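**Student:** Residues per chain are reported as follows:
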Amino acid sequence: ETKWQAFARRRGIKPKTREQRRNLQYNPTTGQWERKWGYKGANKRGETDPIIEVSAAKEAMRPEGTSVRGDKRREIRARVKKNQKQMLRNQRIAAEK
Amino acid sequence: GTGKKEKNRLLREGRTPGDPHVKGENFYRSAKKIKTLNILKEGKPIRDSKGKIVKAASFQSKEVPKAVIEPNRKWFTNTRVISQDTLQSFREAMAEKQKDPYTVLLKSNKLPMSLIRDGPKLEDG
Amino acid sequence: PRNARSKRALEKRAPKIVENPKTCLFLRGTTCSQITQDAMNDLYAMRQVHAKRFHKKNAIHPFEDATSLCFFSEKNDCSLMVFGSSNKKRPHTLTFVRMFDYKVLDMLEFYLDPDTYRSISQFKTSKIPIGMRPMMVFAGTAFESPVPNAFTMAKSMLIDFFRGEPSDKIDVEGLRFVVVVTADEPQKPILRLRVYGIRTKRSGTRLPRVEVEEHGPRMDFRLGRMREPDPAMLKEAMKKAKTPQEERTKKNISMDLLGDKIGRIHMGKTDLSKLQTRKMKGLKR
Amino acid sequence: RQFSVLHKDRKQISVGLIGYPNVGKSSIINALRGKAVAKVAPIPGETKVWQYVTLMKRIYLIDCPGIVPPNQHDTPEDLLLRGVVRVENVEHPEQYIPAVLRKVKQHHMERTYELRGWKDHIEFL
Amino acid sequence: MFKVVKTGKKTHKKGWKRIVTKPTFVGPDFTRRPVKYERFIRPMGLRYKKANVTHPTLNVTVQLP
RNA sequence: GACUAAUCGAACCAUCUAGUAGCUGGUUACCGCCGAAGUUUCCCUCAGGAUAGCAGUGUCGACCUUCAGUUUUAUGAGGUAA
RNA sequence: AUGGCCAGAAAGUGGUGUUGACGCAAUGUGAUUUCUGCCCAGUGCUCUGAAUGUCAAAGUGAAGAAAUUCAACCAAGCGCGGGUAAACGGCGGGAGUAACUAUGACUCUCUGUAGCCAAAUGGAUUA
RNA sequence: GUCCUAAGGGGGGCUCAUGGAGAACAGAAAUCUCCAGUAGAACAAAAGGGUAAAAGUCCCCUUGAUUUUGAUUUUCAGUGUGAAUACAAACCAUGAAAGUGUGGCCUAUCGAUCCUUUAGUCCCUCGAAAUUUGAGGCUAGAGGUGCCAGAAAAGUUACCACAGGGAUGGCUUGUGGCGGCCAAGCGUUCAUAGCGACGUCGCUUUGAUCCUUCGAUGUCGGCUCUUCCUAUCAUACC
Ligand SMILES: Nc1nc2c(ncn2[C@@H]2O[C@H](COP(=O)(O)OP(=O)(O)OP(=O)(O)O)[C@@H](O)[C@H]2O)c(=O)[nH]1
Ligand SMILES: [Mg+2]
Ligand SMILES: [Mg+2]
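Protein sequence lines correspond, in order, to chains C, Y, A, G and U.
Reading the first sequence from the start, the letters are residues 102 to 198 in UniProt numbering.
Reading the second sequence from the start, the letters are residues 2 to 126 in UniProt numbering.
Reading the third sequence from the start, the letters are residues 7 to 192, 221 to 319 in UniProt numbering.
Reading the fourth sequence from the start, the letters are residues 315 to 439 in UniProt numbering.
Reading the fifth sequence from the start, the letters are residues 132 to 196 in UniProt numbering.
Don't read these hints as lab results, they were simulated from the structure.
From the three backbone atoms N, C-alpha and C, an ideal C-beta is built for every residue, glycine too.
Be careful, since some hints might not be right.
[Unchecked claim] Where chain Y lies over chain C, by a calculated footprint (3+ residues, C-beta under 8 Å):
1. 107-113
2. 117-130
[Said to hold, decoys possible] Within a straight-line C-alpha distance of at most 25 Å, the following computed PhoX-like cross-link-like pairs (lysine-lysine) qualify:
3. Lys284/A / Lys98/Y
4. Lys22/A / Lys235/A
5. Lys115/C / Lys145/C
6. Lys284/A / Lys130/A
7. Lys362/G / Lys167/U
8. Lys75/Y / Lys181/U
9. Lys53/Y / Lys141/U
10. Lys51/Y / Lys134/U
11. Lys145/U / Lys45/Y
12. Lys63/A / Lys109/A
13. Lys181/U / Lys42/Y
14. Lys295/A / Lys111/Y
15. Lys285/A / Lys108/Y
16. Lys362/G / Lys153/U
17. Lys6/Y / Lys34/Y
18. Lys67/Y / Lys117/C
19. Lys186/C / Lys198/C
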């Protein structure tokens, strides 16, 4: 059992159903079905949109050279790195056991 | 001994440190028991000083959802199929089906009983 | 496993409840005689579908070190091996190797008689089709030893060699070739391997009259050196996995002929001899 | 308990008691519990509402009011002799005495009431 | 969808039970939960088992379970 | 949870004590000059906050620069009618 | 009985007690009649049983120039290992077979128009 | 910082790195043709024998982004039409076919103005003086919840009390829903589509059976007495 599996067994966290964990959601504003993740997913919404309204403090704190169009990719990469590091820790513990 | 505190009880039972707990858990109450007994206390909305509901009660959310059905190829297929050999075997099973008072039915098999049960009598038809 | 094909290969090589048919690797040593090469060729012709063949010279002595055998088994996903050798002490030797979890489970040497050996091409007969499983007959008193010895081991490994793919059904046209292994308890006994083709003739009854005719190869062996399994590894090898498609038996739970789940209740004998009826006023004299 | 083992997948089993009035449903519940948990009276209709009694941790018992399925072949005399109605609220109870005298043997009546020599029900009364 | 079912003898009533006000399908071998642990009440008068189903190609309406 | 001087899920008397309340009620002459406002922006919310904006009194500075919820001209969007 | 149950700020203090198991104190049930479903051993009760496994203060030993640090030692209790008020609890049985014994796992199987037996009665349908 | 009808699957065609010989610019290095080329390229892994009419590279078809069923395996389920999971079958994609292949991979969370830790030589101070330990400040480093510490302050009041705040509508009535067809007409007549009253057609016992009554959160009454409405049971007329 991994760390998450042990925690879910202790806390009584039931696994999500296959209909619940689908990569599909209904966007009301566009009135169209879109994916939560993947190619053209909702987690990268607005990266290709023509108009992006930004906050003056946000480009004030933004470093030179970087733009607002890559912040979502940056945050996704950070989440991927964290999940991968936890997965590698679980694999190392399982190999030790 | 060790102590009647909840921290001492957790250390004695060897729980994982830092694990979240539901409010009201003690020696006599588990998490699922606390949830079951809190179900009986559920049902009252959250109101302000003037009596206006600011947070609704459980399953009284008042919010209108978006009731939409996605296009899917699974809607236009056959969910349940049966073969002619299996149908004939089930017809034979219904043929020498017999009754026994000391056997009870626990779970019925979902079958197309219109294609398995024998037809009505000639005089009735 | 980034590539989907590599993922498929690792999934195929992963342990399963229902195992894949075993793969046999045919290889030879640095010095291997032509008779031994012909014997390996005949065995590969019999088992060509689930076998791989090496074509180089390997400086391996299996009874001294088998690290190279373990490496080859891990790399090729092969659980059976036929290893050819030739020597002054051992002129024509077939080393049958059976392995478990990419480690050597057990090994047995066969010494082939060079004078009585006939290949498949030496018989002008119709041969077995490619991939067809032959029937098996093991004859003699050498295979009924109560203590596990060389002949029982040879029977087991020849069965694993000639199993093929397990199947629930067989066509009656797949009963045309039989492999007969004969050996007797006794100076060393001779294990005789023969293959016959089966023809059927009228006998005037329901059951056909079977006549056999030799197919090849003709092999005579003397059972040689030994490596028996460790008891613990043998126990883990002979453990049998349970298929999900067989139901765990529960008491008083069954399935009837219509597929309904049926529970059985047990009332017991009715004993009213300990019941005292009411002493009503109307029943008193 | 066998039924509970057969339905061990559930949290418990429920056993509802049905029948005519005054057959002994509440008495059976009290006898199985070993404690007077349901009201018992010889008058019909003592149990007016359904009642849950926790027999074991996985067994519940449901007491139900007595029912009478309607039938055109059933007479008020038959219903009264089966015990549906209270005899205090019926009109002319002497007309049902011949049914009782037919149902009961004569010597049983004589030994019950220490009286003999009547010709019919009105003389007996 | 749900209405609050009031339980208790006091003037202040407990309100944890929810009754479904729309037709429901409960399926085969249905045994109702006991009242102490029955939160969602699906009444017997609102249960349906059959529906009038129309086939768009054949233009035939058949009552199906 | 009854009784304990008409006082009881903790009697009565005096004091700390003018205890605390964000809640309720009330908050005393006249005239004159100005005179309002409801996500603007940020923060975990309800039992949340600042903050922009709008105002009045004084001043001071050359009350210097002029600016403007408007039109026109040039050019965008709407090329849409015609 | 240098004891139980109490009380007191304490006391060379008081009560039970001018008392001693046919007594005192604390409980549950509640006349009489009826009456103790079967089976244990999880929580709990207690054990004149092994251990130092957890292990405070004091005490012991070493280093340093000392403050100090590190080690053992560590009573009761807990824990471990036993017998139960078997109270709560849980609880279809009956035979086996085999794993050896700890967890068993597997196989088979369950369906008298007023009597008999009990020290007159067979009762709570209690005056 | 960009770009992509995503990857994958099936089928078909072709052969790669390099060397030599040649071709205006073109000259070591651009593109083209031939020959020789066991893979010495590419793709995956870490061969001591991976792959050559392919596992490489380009075309065609699917891209539907995680299908359905299960009395079966494992786990769970106070929301038990079971859910997740494994296996099997069906389906699907592709190909002429033999066949091949898919129907996911993972993970408790919180702080970074935080936690743990190292060094200061020529840093400063310990305020009666100095030295050696020690301690504080300041500065400069290192790592990131396996070895970076930690993250357990519940109920009840029908025994009660206090300070306050409260207590859809010119609606409705007598004729069902869904789906198809017809249709006077409205439109349209460089598109012949779209609405459509009136209807109609399908689903919802030879006078039977009586052995299928299907859930109180929402509460009404009774007496006495007066008047109004008509949507008329009776009396009057038709
Ligand atoms: N002799 C005898 N009498 C019984 C027995 N069981 C019940 N009775 C009597 O029958 C009467 C009926 O008892 P109930 O428990 O009220 O039965 P019921 O059918 O539930 O009656 P309702 O409450 O009206 O529904 C009781 O008064 C008992 O005296 C029995 O086993 N033996
Ligand atoms: Mg009764
Ligand atoms: Mg009753």
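**Student:** For each hint, tell me whether it holds in the structure or not.
**Tutor:** Comparing the hints with the structure gives:
1. Counting residues of the region 107-113 of chain C whose C-beta lies closer than 8 Å to any C-beta of chain Y gives 5; at least three are required, and the coverage claim holds.
2. For the region 117-130 of chain C, the proposed coverage by chain Y is satisfied: 3 residues have a C-beta within less than 8 Å of a C-beta in that chain, meeting the threshold of three.
3. A distance of roughly 23 Å separates the Cα atoms of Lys284/A and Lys98/Y; the hinted pair therefore holds under the 25 Å criterion.
4. Restraint check for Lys22/A and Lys235/A: the C-alpha separation of about 44 Å exceeds 25 Å, so the hint is violated.
5. Distance hint between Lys115/C and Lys145/C is unfulfilled; the C-alpha atoms sit about 29 Å from each other, more than 25 Å.
6. Of the pairs offered as hints, the one joining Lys284/A and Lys130/A is violated, with about 58 Å between alpha carbons and a cut-off of 25 Å exceeded.
7. Between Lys362/G and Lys167/U the CA atoms are separated by roughly 20 Å; this keeps the pair inside 25 Å, and the hint holds.
8. Taking the CA atoms of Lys75/Y and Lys181/U, the gap is about 22 Å. The hint holds against a cut of 25 Å.
9. Between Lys53/Y and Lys141/U the CA atoms are separated by roughly 24 Å; this keeps the pair inside 25 Å, and the hint holds.
10. Between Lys51/Y and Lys134/U, the direct Cα distance comes to roughly 24 Å. Compliance with the 25 Å bound is thereby established for this hinted pair.
11. About 8 Å separates the Cα atoms of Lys145/U and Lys45/Y, which keeps this hinted pair within 25 Å; it holds.
12. For a cut-off of 25 Å, the pair hint linking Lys63/A to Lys109/A stands: about 22 Å separates their Cα positions.
13. This hinted pair does not check out: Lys181/U and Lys42/Y have alpha carbons roughly 38 Å apart, beyond 25 Å.
14. Only pairs whose Cα atoms come within 25 Å are accepted, and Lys295/A paired with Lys111/Y is accepted, the gap being roughly 11 Å.
15. Between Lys285/A and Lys108/Y the CA atoms are separated by roughly 16 Å; this keeps the pair inside 25 Å, and the hint holds.
16. Restraint check: the Cα-Cα separation between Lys362/G and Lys153/U comes to about 30 Å, which exceeds 25 Å; the hinted pair is violated.
17. The suggested pairing of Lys6/Y with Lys34/Y holds, with an alpha-carbon distance near 20 Å, which does not exceed 25 Å.
18. Our distance criterion of 25 Å between C-alpha atoms is met by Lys67/Y and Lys117/C, whose separation comes to about 21 Å.
19. Using a Cα cut-off of 25 Å, the hinted pair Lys186/C and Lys198/C holds, with the two alpha carbons roughly 18 Å apart.
Consistency with the previously given hints fails for numbers 4, 5, 6, 13, 16, ordered from lowest to highest.
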